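With one protein chain withheld, the remaining protein chains of the complex are depicted in position.
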Amino acid sequence: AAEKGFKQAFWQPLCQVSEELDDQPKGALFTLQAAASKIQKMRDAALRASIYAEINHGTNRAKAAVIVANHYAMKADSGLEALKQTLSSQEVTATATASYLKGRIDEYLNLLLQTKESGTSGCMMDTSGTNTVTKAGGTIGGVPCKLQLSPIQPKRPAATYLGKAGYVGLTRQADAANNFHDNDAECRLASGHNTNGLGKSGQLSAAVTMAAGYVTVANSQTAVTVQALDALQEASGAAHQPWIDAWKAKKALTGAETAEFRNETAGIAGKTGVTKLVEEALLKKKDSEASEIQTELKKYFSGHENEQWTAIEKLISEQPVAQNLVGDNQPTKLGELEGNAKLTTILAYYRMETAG
Amino acid sequence: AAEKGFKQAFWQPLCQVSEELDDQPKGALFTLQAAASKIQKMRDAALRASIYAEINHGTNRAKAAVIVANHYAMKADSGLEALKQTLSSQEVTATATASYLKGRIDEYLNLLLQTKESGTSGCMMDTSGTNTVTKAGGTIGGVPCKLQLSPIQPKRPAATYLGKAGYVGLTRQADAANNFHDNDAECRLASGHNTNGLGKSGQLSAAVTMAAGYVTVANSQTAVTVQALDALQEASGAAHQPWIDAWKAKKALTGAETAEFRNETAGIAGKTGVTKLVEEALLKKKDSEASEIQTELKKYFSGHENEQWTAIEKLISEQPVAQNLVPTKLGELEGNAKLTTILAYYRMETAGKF
Amino acid sequence: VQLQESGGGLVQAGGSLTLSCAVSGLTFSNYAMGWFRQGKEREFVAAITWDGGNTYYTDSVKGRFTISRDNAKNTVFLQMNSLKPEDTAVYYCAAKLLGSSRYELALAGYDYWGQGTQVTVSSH
Partner (left out) sequence: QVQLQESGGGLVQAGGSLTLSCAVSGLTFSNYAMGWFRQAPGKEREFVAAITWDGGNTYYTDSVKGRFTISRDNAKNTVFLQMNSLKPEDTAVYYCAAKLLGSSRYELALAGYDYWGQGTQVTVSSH
């Protein structure tokens, strides 16, 4: 009934949104960290190939390794440029818009939780509208609803209550007066009228919106209404704008999965950096046909498909560095070494050996 | 008077904080971008040094360039590691804690703003308590108070209303009944008692805290009380914990200002990477003596002090590269991927020279 | 990631069209951009390298079409002059990371593809 406390059907979907928004900074940390890790993997491969080229300087395979090193080094450079120009803004914006909306929701939900008179009369009721609910640890009436921003640790980005379409649990409500409102719990936050709601001497002078514009509290003796937020469209200046802002920002995330961060499977001449290097440094001529690039590539990779690239990479990975550069009982094969700084110092040594 | 609408002295300092927390995401973008920029500058110097070494293969200056290239590559590596492990967590946590707290405040302020019965009676009153306030543009009562998360572009955030000590404007209140409450404006959000406040059939069963634990609304006919937040100490499980968390996270930011992102200025032997490489590659003796290291360095830098490091970097920057690979001096070129493609060409020719 | 083409329409032969392709969700300056067109096989039209240093065309549009990029607007343009009925096709934007040679940009697979924009040119 109008002007009564809100049963769990009304506030549980808000808890679920709040708990999912809680994970957005965890996903931002995940993605920022993954971008760096994938740049670092690209850089490690560029360094392994560079070390192989320096150790084998002069051979046809060393020239292949230079092509490989250039490939992965260009990949690492582009990934850092993408972290700087694109992912940083995406992830800060999604963190900020989601955390702000979560604050708007939690302050409303926290008000309902506390605005009660008894164990059976209040603004926040259980599923059947029998008992007012209590917070117990992270749960409210058995519902995960921390009403807090949890400590931020990396968590894979997940989209359940906030998806590409919108807030999938916040549908058009068919019957708020029976599905949202209790039958007898008293709650002055359910209307702006003075008899049973927020008004003192008379009704509030207008409808009041709560939870960043989601619920509209009429100043008449009528049930609340809610925005349908499950099929959003871009807009400005809406009363529920923080909902749109967070939806727009989460939908915009690519994660660390754009081409900078992924390995290429294509033929060798189609791989980043390769053909420009062949034309300028090996063929030493422009306007060379595709057959000429493939023939020159065969000199260094035995072929021009992805399988021959992989074969060169395996040679790089099995190549050992000197035992004194990597611990004592430590691995020496390049493929068993990782870490940019560590491989950087090893490259420097072999580069100095080449200088002599 | 108790149980009445809130004059501007109550909510204005909350506007001040909300407006400043709006800046914290801008500062996170600024720092994440600055760190990546500084890494990129380190890498460019690594690449210029490496290209110089390739073109000048065999000379003592080329070996100095190898030492220089190792230095900057290590600095670039460490910066990306710091970005990943430390700066990202710092700036995501500050963005989130500030934005969350700002949402908690803005919902409460937006609720007071709307809960009114007339232009003279409501929950959000002006300075003198004569009229309820209205939001006009980005101000409420003449005070910046947008109650929005504004678009994010990089900017250093102000640290005026939330600083190292806490929230300067959220002081111990000497007289809430008269400084925070009007005497006649009606506002059911001002108490939990049933006659004038949130209670219907009787008072609420306990006090209610609002704005993430800042204001406590008694279930009796008494004035509100507020937390003093201007001298915070680290704590957990507090009713006002979101205030503590945003304060802790802002205080903890280093920026892109740690040793990974700054250039070194002392002698060559103490510079990142130098002595290990000299010992391993040139002296062929680990744990060598200062004198030995510095004698060996003199053969390539013509000295062992920062001024000779700078001199080699000038030589690196003046080295020309082929016009068709691109301004042709290495110091006139910037951009990691671009300098990478150039290093690749010269390395391919080094292989051909055999 | 979205590559969105614009500027299609019905033109007369010998006229001109300017295709635009706005890129979102990507670091535009990291990518070479090219144009393709397609009950016939899809064919390469033109491309520009990631840094803007080179442009490539198929012969049948050489001297008639001009590709250009505007990094500040995240947009690659295809200027199409002296149009001919055989130029009727759907024109697709596409993006290839750090693309830098004619081989890649005419004959390799790209990383991202637009949805197309229709170009029909009448006979005169």
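So that you can tell them apart, the chains are marked A, B and C in the order they are listed, and the count of residues begins at 1 in each.
Heads up, the rule we're going with is that contacts are C-beta pairs under 8 Å (C-beta built on N, C-alpha and C of every residue); 3 or more make two chains touch, one makes a residue touch a chain.
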Chains in view that touch the one left out, judged over the entire complex: A, B
Hidden partner chain, touching residue among B:246, B:293, B:337 or B:342: B:293
Which residue of B:275, B:336 or B:350 touches the chain not shown here: B:275
Given A:341, A:347 or A:352, the one touching the chain that is not displayed: A:341
Touching residue (missing chain; options B:165, B:266 or B:322): B:266
Absent-chain interface as seen on subunit B, which is shown: 74-75, 78, 81-82, 85-86, 251-252, 254, 258-260, 266-267, 269-270, 272-273, 275-276, 279, 286-290, 293
Residue ranges of subunit A at the interface with the undisplayed chain: 327, 339, 341-342, 345
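What we mean here is this: only the chains that are shown with their structure count from here on.
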Whole-Å gap between the CA centroids of subunit A and subunit C: 31
Geometric centre distance via CA averages, subunit C-subunit B, whole Å: 41
CA centroid of subunit A to CA centroid of subunit B, Å: 20
Contacts with two or more other chains, residues of subunit B listed in rising order: 337, 341
For subunit C, residues contacting two or more additional chains: 30, 98, 100
